[PDB]
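All chains should be built: construct the whole structure from the sequences, respecting the hints.
Number of protein chains: 8
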Amino acid sequence: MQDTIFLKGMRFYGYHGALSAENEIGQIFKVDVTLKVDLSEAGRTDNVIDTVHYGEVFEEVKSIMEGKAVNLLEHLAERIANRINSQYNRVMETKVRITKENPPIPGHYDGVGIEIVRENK
Amino acid sequence: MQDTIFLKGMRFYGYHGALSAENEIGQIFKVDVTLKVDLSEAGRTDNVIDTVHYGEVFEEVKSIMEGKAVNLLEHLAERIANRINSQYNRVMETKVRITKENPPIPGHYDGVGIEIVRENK
Amino acid sequence: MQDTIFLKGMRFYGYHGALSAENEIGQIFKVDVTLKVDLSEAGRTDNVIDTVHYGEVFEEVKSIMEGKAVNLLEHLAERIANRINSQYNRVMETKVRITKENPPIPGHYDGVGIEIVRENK
Amino acid sequence: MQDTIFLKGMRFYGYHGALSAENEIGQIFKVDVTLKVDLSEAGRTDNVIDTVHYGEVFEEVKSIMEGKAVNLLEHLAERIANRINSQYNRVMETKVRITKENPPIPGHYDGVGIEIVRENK
Amino acid sequence: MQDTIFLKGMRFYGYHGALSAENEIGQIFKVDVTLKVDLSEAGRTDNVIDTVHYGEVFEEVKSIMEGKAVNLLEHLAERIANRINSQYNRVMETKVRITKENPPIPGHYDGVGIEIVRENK
Amino acid sequence: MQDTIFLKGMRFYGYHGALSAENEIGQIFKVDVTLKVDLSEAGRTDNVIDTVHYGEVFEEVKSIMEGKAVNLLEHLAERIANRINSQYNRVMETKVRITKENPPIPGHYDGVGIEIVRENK
Amino acid sequence: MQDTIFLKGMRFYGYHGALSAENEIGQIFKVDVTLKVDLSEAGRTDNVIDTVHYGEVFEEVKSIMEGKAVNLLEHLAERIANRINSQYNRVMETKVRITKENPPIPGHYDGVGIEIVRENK
Amino acid sequence: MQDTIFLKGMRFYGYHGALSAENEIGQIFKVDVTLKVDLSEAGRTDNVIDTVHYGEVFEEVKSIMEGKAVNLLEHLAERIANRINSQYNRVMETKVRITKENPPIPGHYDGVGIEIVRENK
Ligand SMILES: Nc1nc(O)c(Br)c(-c2ccccc2)n1
Ligand SMILES: Nc1nc(O)c(Br)c(-c2ccccc2)n1
Ligand SMILES: Nc1nc(O)c(Br)c(-c2ccccc2)n1
Ligand SMILES: Nc1nc(O)c(Br)c(-c2ccccc2)n1
Ligand SMILES: Nc1nc(O)c(Br)c(-c2ccccc2)n1
Ligand SMILES: Nc1nc(O)c(Br)c(-c2ccccc2)n1
Ligand SMILES: Nc1nc(O)c(Br)c(-c2ccccc2)n1
Ligand SMILES: Nc1nc(O)c(Br)c(-c2ccccc2)n1
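Residue numbers (this note's numbering), protein chains in the order written: chain A, 1 to 121; chain B, 1001 to 1121; chain C, 2001 to 2121; chain D, 3001 to 3121; chain E, 4001 to 4121; chain F, 5001 to 5121; chain G, 6001 to 6121; chain H, 7001 to 7121.
Read the hints as simulated data drawn from the structure, not as lab findings.
Once the Cα atoms are required to be at most 27 Å apart in a straight line, the calculated BS3-like pairs of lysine-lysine come out as:
id: 1; chain 1: H; residue 1: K7062; chain 2: A; residue 2: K100
id: 2; chain 1: D; residue 1: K3062; chain 2: D; residue 2: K3100
id: 3; chain 1: E; residue 1: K4062; chain 2: E; residue 2: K4008
id: 4; chain 1: D; residue 1: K3036; chain 2: F; residue 2: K5008
id: 5; chain 1: B; residue 1: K1008; chain 2: E; residue 2: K4036
id: 6; chain 1: E; residue 1: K4036; chain 2: E; residue 2: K4008
id: 7; chain 1: A; residue 1: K36; chain 2: H; residue 2: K7008
id: 8; chain 1: F; residue 1: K5095; chain 2: G; residue 2: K6036
id: 9; chain 1: C; residue 1: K2068; chain 2: C; residue 2: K2095
id: 10; chain 1: F; residue 1: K5068; chain 2: F; residue 2: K5008
id: 11; chain 1: H; residue 1: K7036; chain 2: A; residue 2: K100
id: 12; chain 1: E; residue 1: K4100; chain 2: F; residue 2: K5062
id: 13; chain 1: C; residue 1: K2095; chain 2: C; residue 2: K2008
id: 14; chain 1: B; residue 1: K1095; chain 2: E; residue 2: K4095
id: 15; chain 1: E; residue 1: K4036; chain 2: H; residue 2: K7121
id: 16; chain 1: F; residue 1: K5008; chain 2: D; residue 2: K3008
id: 17; chain 1: D; residue 1: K3062; chain 2: B; residue 2: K1062
id: 18; chain 1: G; residue 1: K6062; chain 2: A; residue 2: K100
id: 19; chain 1: E; residue 1: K4036; chain 2: B; residue 2: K1095
id: 20; chain 1: B; residue 1: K1121; chain 2: B; residue 2: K1062
id: 21; chain 1: A; residue 1: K62; chain 2: G; residue 2: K6100
id: 22; chain 1: D; residue 1: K3062; chain 2: B; residue 2: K1100
id: 23; chain 1: D; residue 1: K3008; chain 2: F; residue 2: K5036
id: 24; chain 1: B; residue 1: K1068; chain 2: B; residue 2: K1100
id: 25; chain 1: H; residue 1: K7036; chain 2: H; residue 2: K7100
id: 26; chain 1: H; residue 1: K7036; chain 2: E; residue 2: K4036
id: 27; chain 1: B; residue 1: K1008; chain 2: D; residue 2: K3100
Put into structure tokens, the structure is as follows:
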């Protein structure tokens, strides 16, 4: 089963980070969310009720990305992966990629980040 | 067998969507189609008749992407995957990725979508 | 005097547009704001008080771009140009470029928009 | 008067060109249209009737770009500039930039083209 | 063994294609070549003689991409995969992706192509 | 008279440069050529003989960019501007922008270059 | 005289800014430098001594962009414009564009900045 | 276990290369580093001490990419993979992709490079 529903390059301005200054000023966090979901019934029926509604997923991600400031991107992706799995039984697994394109790192790079894959139990 | 024939970033202006307004105004749907096909005979012969003609595939995709408006992207990719497999025996499998780069979703993202992989029976 | 302070590609999700559906669903409006301001005193002094603070300008633009939905982009740029000139005497002139990259227009383009230049009186 | 209404990167697949093969196969023509129009009344009124409707302009461009195949891009831009000026009195001047990003030219470039500016009489 | 040596987005202007007009005018063919090669000895030694020289590979690809015009991209990738495997014993496998970003296909897409993976015997 | 014929982002691999190593290894030189030419007769007639043929211009640029290695980009643009003006009476003026995106300069930048504008006498 | 020597998109990680946190963490500052210089003698002679050496200019910019942290971008561009004019008599005028693509501004934009043009006296 | 910590498109100006001229002039080396690390404890705890600190990783990469000039990119990636594994027990495996976007190769391509994956023992 290789079907997926995705949300690419979602961007939020938040205040997460392990450095004090980071939390004060803030920055843009890029988010990629890919969900493993069987889409053949929805492909057959065309009924939005036989699949997972991405608008709702974006809201879940947004509320976490734009909410209380935490330390790690690991903590943000885990809160997201655990929030999507809990609310949707159709999501057999959730992958969250979070990117800090502009962290307090003296250098020239395209970005730094983490990525987790969490199956739904 | 890892050979593939692909059509990348095909773009169509259509009226699909589960929201009334969506169907009225319309939007651009991005499409990525990758077909699993053995290309060694065509690689040996150079005869366009020993492989799958992509122009014809683009027509198949286009006619569905620019035809009657449906609800789900799941329904569009399923109609496409099922239309390419049916007409081409050389396509051992069909993967369809459909992206809504500008859905009625209040936010900043690069796009939302679904992706299905359907083997040919 | 060719000095300028600029804000490029600001993006807001708003509900402006002359079509009903437009106001319902909404879309992303891209904004470019360039202000004619003499920057030599600020260049000499280094005091943020001898120049125009762009953060404040972004707020002005944001509040208009993300506020009550109007019809024309012409009305949005005029409200912005008139709001920046009124509040800042240092701005000898204000240019506002507003782009609708994804309007309800059946076609393939990079975007449509308007641009106004309004001197401060 | 520096106000403008623009349509950027419009793209059409057409069969224009001075070479036989060109007209047979065809290619993508990129089009940039910028109109000099006073937008202060529309900025004050917010009435779409005090400005020029870009949707209609896109249609004018499209119908020429996707119609009978001609030789020169000079002929296409002249037909467009002359068609927008004729139908709109508010357009004090029309600039048409047409780009052939992939002409039958053995080389590596981003594109070739022409650009004309035609005032409305 | 997941080590690889790659050549990305190589571009050549050639006259391949199954349509007469195609061979007359020509077009740009994009090429991606990834070779499976054990790079630990070269990583340990730093001697260019313990790895595969990419300059030579580019020459091999170039000479085929810019040589006699064939029909299929399948034939070009097969000639390339077979030419790199034959000349280099260190290449355990060769993957060739060929893209026609601007084929004689009436539409809007990013490109069409094929991709083959050929192990070295 | 604001009409223009352009050739954008032409790219050539050459050995120009004031440093010995530069001439040995070589690099990619980006070239932008914009010609001031009255295009109304060509716009009226559609005859390729009432305008300037860009294919020929690309050849002129290419032959200089890919020929004998010189020192300055100033010398390359001057040879180009002087070669286009001499051969074409319709070109009222020639602008040549040459960019070295990857010069032997220890740093992070998008590119360095020169640009000249030479009227035809 | 429209000749110019340019340095585009130079990027430096520095600690400038009017906010304490800004100076602590730091960020990437993008710089565009365009110099008005007569390039015909250099175009005729090909001698690097009849024009302005951009490598040296990059060093001047770098040393200021990567040196002591100041408040305004206005102060950085003024120090740069004044440092290039002073050291080079051939530079009839200097334009400095400085961009903060990621300032401490809660929002979605491509960047904010200033631009100054300073003639050489 | 599919969790990963990544550093994308890091860029350094170095003097590596097998050609004399290469080491003299130098060039920009692009680096992609992806580390296999279990991030669930860090996702649960939010303590930066239960995961791998990317800033430190960037320093490790930087010091090698900007240090003594070697011959092969294979030698640079091996030094990096071996330096990250040695210092971090949490990194179950290290993948290093090094790209030479502008090597002394007469042609038009996006880049050439190598990629290694080294598990931590
Ligand atoms: N792995 C990881 N995840 C995060 O979310 C942060 Br913030 C850091 C980190 C902490 C301090 C300095 C640099 C990076 N490291
Ligand atoms: N999964 C899925 N596939 C589609 O094609 C649509 Br439209 C939606 C959807 C429906 C309503 C609101 C938001 C998204 N969701
Ligand atoms: N000039 C202009 N400015 C705007 O803001 C809009 Br919305 C429209 C318009 C109105 C109806 C259809 C198409 C475009 N036209
Ligand atoms: N100026 C100009 N405008 C056009 O539209 C074409 Br097609 C050509 C042309 C004709 C023949 C060969 C190359 C270019 N030249
Ligand atoms: N599979 C495949 N490989 C190629 O190289 C070509 Br050309 C075509 C093809 C042939 C005719 C029309 C459209 C595509 N099809
Ligand atoms: N102005 C200018 N034009 C060129 O073409 C070169 Br090469 C250089 C130059 C010479 C030496 C070092 C750095 C730049 N400078
Ligand atoms: N004009 C200008 N130039 C700068 O260099 C800075 Br920093 C600011 C500024 C200061 C405080 C808040 C927001 C912007 N404003
Ligand atoms: N495989 C490999 N790795 C490197 O790091 C270099 Br430099 C070269 C190489 C050597 C000489 C000419 C062309 C490429 N080849």
